[PDB]
Each structure stands twice: as structure tokens, then as C-alpha cells.
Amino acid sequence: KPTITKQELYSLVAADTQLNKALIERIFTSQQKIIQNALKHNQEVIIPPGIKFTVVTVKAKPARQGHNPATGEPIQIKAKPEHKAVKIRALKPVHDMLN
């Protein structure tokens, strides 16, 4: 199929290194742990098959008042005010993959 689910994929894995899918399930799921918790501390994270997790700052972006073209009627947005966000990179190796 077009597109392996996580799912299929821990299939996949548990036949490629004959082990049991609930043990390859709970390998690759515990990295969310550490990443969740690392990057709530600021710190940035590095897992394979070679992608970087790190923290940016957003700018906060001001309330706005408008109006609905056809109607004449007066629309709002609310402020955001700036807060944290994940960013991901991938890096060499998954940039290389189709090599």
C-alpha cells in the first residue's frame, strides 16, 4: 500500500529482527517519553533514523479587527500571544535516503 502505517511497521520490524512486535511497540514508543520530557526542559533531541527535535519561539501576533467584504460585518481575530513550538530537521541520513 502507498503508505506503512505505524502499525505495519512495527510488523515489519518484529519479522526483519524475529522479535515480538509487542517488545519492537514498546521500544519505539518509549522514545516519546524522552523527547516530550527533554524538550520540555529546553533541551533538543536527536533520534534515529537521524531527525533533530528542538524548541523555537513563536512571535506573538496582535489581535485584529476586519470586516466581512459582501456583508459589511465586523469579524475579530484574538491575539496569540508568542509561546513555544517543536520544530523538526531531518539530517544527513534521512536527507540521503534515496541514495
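C-alpha atoms forming the largest set that superposes within 1.5 Å between two forms make up the rigid core. Residue numbers count along the first chain shown, from 1. What changes on going to the form deposited in another entry:
Fitting the two forms on the rigid core leaves the C-alpha of residue 65 displaced by at least 2 angstroms between these two forms.
After superposing the rigid core, the C-alpha of residue 76 moves by 2 Å or more between these two forms.
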Given for the second form:
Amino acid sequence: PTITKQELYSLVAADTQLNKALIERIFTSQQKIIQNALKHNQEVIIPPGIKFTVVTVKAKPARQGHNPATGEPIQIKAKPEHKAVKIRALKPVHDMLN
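Let's see the other form, the form deposited in another entry, since the form deposited in one PDB entry is already up.
Chain only, nothing else included.
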């Protein structure tokens, strides 16, 4: 399972009866549109209805974890504050199973 993006390019290119090079071409630009938008603190909604959003994640300190299998305490490095791209589904995405 788990159809990859390269398989998706081919899957779409075959259905539309078009070269896969154009398929990646159109998608590569869409990618740039998204990145440049989020870099300018915009919100974007893309097919099939996914909304892109810049958001702030508050810093999290360190805390030493433990591994059950290897039995060695494993420290996680404290994660400072940073921005993260948050996506969330919208109307047609859930409707896809109707």
C-alpha cells in the first residue's frame, strides 16, 4: 500500500493522458506557491481542501527517557520555541468517504 508521490504523479499522469514531466511541473510550482506564502505569513488552502498555516510552538525542556528493550536511560534534548507548518482538513476531505 502507501502510494508514493512518484506513484501518484504516474497515477495522475496516466488518468489525464499527459506526460508525467508536466504533472511534476505543475506540482513543483504549487509547492513554491505554498512555501513563499507561508514565508510571508499567509494562509493557503489547496486541493483537496487542506489548509496550510504557520504557527508557534512553545519551547519544551529536556527530560530523560528510558528504553524498555535496551534498558538504557535516553535523554531527549530540550526543544526551543520555533514555528511549524500546521495543516488541517476541511469539507471535501472528510466527505471523501461518502
